[PDB]
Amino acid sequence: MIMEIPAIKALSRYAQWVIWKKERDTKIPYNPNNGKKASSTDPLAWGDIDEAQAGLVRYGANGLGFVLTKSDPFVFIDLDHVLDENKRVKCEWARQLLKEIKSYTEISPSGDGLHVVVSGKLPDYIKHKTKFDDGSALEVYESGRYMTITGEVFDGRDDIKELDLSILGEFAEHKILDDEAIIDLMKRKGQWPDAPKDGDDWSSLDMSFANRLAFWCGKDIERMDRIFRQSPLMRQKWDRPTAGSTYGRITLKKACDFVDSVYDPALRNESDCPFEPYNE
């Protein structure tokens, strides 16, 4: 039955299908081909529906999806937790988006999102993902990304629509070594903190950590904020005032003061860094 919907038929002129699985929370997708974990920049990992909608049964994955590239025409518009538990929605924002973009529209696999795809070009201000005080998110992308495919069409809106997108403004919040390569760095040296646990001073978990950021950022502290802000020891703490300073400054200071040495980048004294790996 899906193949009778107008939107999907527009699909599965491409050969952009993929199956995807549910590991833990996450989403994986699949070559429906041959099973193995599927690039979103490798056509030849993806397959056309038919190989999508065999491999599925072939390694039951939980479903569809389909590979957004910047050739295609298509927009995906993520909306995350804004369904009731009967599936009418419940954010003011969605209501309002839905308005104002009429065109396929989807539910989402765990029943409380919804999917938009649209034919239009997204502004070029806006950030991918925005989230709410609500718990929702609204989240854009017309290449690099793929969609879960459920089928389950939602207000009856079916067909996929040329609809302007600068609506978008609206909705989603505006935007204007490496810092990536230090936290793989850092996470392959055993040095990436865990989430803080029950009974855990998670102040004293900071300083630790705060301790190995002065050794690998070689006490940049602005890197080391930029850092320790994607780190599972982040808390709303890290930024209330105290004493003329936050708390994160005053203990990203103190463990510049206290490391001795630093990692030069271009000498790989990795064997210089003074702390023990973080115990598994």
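Numbering follows the first chain given and starts at 1. Under this definition, the rigid core comprises the largest set of C-alpha atoms superposing within 1.5 Å between the forms. First, how it differs from the form deposited in another entry.
- Once the two forms are fitted on their rigid core, between the two forms the CA displacement reaches 2 Å or more only for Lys189 among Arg145, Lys189, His81, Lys129.
- A movement of the C-alpha atom of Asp260 reaching 2 angstroms or beyond is seen between the two forms when the two forms are aligned on their rigid core.
- Once you line up the core between the two forms, the Cα of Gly60 stays within less than 2 Å of where it was.
- Superposition on the rigid core between the two forms places the CA atom of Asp42 less than 2 Å from its counterpart.
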Contents of the next structure:
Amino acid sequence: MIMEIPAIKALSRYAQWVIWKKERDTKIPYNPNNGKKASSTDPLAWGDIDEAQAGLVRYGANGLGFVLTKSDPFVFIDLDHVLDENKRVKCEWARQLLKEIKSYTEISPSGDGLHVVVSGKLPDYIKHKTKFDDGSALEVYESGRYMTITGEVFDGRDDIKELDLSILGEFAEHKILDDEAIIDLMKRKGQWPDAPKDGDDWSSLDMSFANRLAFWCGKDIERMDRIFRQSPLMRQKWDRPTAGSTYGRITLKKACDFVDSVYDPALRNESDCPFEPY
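Counterpart to the form deposited in one PDB entry, namely the form deposited in another entry:
Next up is only this chain, free of partner chains and other molecules.
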């Protein structure tokens, strides 16, 4: 019974509730009172839990949501893909976290992840998202975003606790936007490649994309390398030693000796791009 959960009762004091609908792999928040999409920073796009449960029924949404703000005391800890087919923790980093951070825990909508809600403050030196080799991930937010609420309590952790969160540094990577500006620009111009297909010459796709990187990044090799590692063409071969270097570095160096023109963001000579879009 979701309204008997103490954590739900605590969250029920706040008028920061939304409903959400499944769109592809995304979960879009919706204003629980008029059925339109909800901003995550507009307080009047939300409602209290009574308006959210009424809107859940009235529009047939997929579930409830709660918007975290920097003024409320709640921290949202998201553990992606940490459960097996029997809803038991299969990642040892997640099991260790649950042992050190005992607060309200619920199974996320996909059934293979967890949510942890704590009253506290995130440490200042950790990254928001941390990905692991087994596909699992740890995402932490305390504001600017909403969280789905399922009420499927995990191992009886039904109460939100006030806890110090400095131990989150044991699990999240530590910190010690122009790249995304270049990446999004290449996508708008149709210069962003898609994943290789079965019959493709992958290495030839690498050089086509590397040549386009040389223009849009202005022959900034370090920038070209950072962007390639988050492209659909990245693989282990990119870092395999090759002659005096790596296959990727030889690819990027070759692209600069080849490409003539260079994109200058202060001039925006997008027309100088020697390569047609994909």
